[PDB]
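Report on the structure given below.
A protein chain is absent from this complex, but the other protein chains hold their places.
Chain lettering (A and B) follows the sequence in which the chains are written, and residue indices restart at 1 in each chain.
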Amino acid sequence: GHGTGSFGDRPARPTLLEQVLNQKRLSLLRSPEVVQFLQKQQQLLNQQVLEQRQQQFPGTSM
Amino acid sequence: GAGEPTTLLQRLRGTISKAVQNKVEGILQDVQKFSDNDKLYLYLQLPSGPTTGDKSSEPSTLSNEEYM
Partner (left out) sequence: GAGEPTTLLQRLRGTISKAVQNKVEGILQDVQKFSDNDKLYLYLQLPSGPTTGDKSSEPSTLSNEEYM
């Protein structure tokens, strides 16, 4: 069983909630060593990706 | 609340801390207490109550890009 492919959130924006949550996901069983390093590694790559924001105000076609 | 223990990095560098491991298992079970999927969505995909983006936070250079 696996959740369908729903596009919404993205790998970025580190937060407390997202920490404990994402942590358990990668935990699988109950590995503190993995969930630890992984959690940190994820946060790092998270900040890296996602560039700055812009305006973007198109207007063409129907 | 007395005594003079060592540092965390030190006690850890020499060997894993019982509190660290135990703690991890503590919270892990806390959430596991209920549905992991149902909650996973209710959390990671929270509906976000009346926050209006932290009262119009309007981020800029708080944390997104910098260097390397």
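Criterion: a contact is a pair of C-beta atoms (placed from the backbone, for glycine too) under 8 Å apart; a residue touches a chain by one contact, two chains touch by 3 or more.
Contact with the chain that does not appear here is found for just one residue of B:1, B:49 or B:53, B:49.
Taking the whole complex into account, subunit B touches the unshown chain at residues 8-9, 12-13, 16, 20, 23-24, 26-27, 30-31, 33-35, 38-39, 42-43, 46, 49. Remark: the residues of subunit A touching the chain excluded from display are 16-17, 19-20, 23, 33, 36-37, 39-41.
In this text, only the chains that are shown with their structure count from here on.
If you average the Cα atoms of subunit A and of subunit B, the two centres end up 14 Å apart.
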